[PDB]
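Listed next as structure tokens is one chain, alone, in the form deposited in one PDB entry.
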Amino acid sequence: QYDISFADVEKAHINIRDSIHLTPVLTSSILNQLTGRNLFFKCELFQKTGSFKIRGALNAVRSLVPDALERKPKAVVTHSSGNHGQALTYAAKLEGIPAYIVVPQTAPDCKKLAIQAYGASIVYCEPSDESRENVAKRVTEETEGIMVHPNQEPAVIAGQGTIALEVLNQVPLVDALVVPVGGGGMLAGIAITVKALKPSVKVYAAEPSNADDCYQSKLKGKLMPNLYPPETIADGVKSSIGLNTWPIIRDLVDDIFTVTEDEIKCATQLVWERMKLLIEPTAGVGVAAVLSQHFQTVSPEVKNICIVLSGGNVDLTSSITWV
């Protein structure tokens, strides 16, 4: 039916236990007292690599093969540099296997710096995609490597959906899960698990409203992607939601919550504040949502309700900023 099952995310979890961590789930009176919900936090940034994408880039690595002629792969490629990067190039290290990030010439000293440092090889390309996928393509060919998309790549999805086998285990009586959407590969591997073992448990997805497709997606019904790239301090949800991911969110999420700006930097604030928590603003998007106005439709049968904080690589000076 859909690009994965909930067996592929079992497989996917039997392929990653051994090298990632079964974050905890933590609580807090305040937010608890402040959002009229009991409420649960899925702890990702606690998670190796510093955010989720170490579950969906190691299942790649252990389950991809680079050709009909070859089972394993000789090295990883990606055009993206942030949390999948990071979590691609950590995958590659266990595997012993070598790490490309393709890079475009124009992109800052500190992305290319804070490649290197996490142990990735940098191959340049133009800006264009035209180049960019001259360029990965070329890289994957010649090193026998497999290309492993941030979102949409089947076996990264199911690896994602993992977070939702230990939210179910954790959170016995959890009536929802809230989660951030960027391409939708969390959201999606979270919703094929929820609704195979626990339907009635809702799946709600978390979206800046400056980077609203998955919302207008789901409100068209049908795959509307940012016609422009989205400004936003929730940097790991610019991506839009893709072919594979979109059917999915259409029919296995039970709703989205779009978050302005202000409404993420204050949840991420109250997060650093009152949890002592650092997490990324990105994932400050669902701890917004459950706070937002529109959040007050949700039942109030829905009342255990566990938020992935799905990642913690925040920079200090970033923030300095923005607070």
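Between two forms, the rigid core is defined as the largest C-alpha subset superposing within 1.5 Å. Positions refer to the first chain, counted from 1. Compared with the form deposited in another entry:
- Superposing the two forms on their core leaves just one of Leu113, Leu219, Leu227, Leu243 with a Cα displacement of at least 2 Å between these two forms, namely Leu113.
- After superposition on the rigid core, the Cα atom of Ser200 is displaced by less than 2 Å between these two forms.
- After superposition on the rigid core, the Cα of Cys125 moves by 2 Å or more between these two forms.
- For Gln170, a C-alpha deviation below 2 angstroms is recorded between these two forms after rigid-core alignment.
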Second form
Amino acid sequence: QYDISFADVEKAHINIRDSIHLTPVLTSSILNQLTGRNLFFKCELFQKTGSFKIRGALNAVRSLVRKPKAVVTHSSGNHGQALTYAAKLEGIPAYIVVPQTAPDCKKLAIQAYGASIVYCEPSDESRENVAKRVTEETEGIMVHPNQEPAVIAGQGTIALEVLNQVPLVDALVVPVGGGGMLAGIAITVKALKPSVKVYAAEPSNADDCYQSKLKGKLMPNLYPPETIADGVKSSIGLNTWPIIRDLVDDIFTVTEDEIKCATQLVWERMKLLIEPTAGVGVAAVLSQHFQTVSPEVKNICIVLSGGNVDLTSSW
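Now show me the form deposited in another entry; what you just gave was the form deposited in one PDB entry.
Keep in mind that what follows is only the chain, not its partners or any molecules around it.
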């Protein structure tokens, strides 16, 4: 029915589990107090590469049973970091395509992490043209950060671990950008324990997933959105939308202020260096609209999706 099924998640779990962390679930008395809920924090900020994206990235690069000869990406962010690590694990080269006009800062980070830089011109046109060429020349693959089925399946493994670590969980709260994580999680939860709610959390400044659920059709952001939640600037896409349409119970939007306040709360009160994008799920459970969630939904697992925060800019 969908671009993945739970069988692809179980395959991904076998495929990646030797090479990723089974990240802990932590709790917070104060957050419980503040929300009225029993909260559980699935700590993907402690995952390899500092976000959950190594799960999709390793699943897409690695074959369970022409294997990729290289990986190529436009991402200098969590996706690119994840793809680079996965490539290194598989013994294959990783290429990041970066504008010539990119920060000098960021160039050095990439090569420190062990990717090879291929400079393009700042045009999207030129980025895509160079990526395609590098891909073809190296016989490599590009991995879509959210729409690739192997990526969506890899992300689903988050929910397998949560359902084992929190056996009486009533809901998962998942930040949504392109929806590969949300959609992998929804597939998994609805397959294994469909009474468990799946909720998305989204910046109201980037509210395409909410708009699409409201309208009943895929409505991507018209323009690049402006949000401190830099990891959820992607719109949902054609492979994640049908899953989220059918298997996600509700979408909670949160303001920029709510994201910032929730992020600071986690830093000061839980001492976890989450990135603001990971504060989106916390802000959702703190939000006014979340009070409409039934009192029967008590045990809520929020995915702290990443910790890759620029402490230089760390309001």
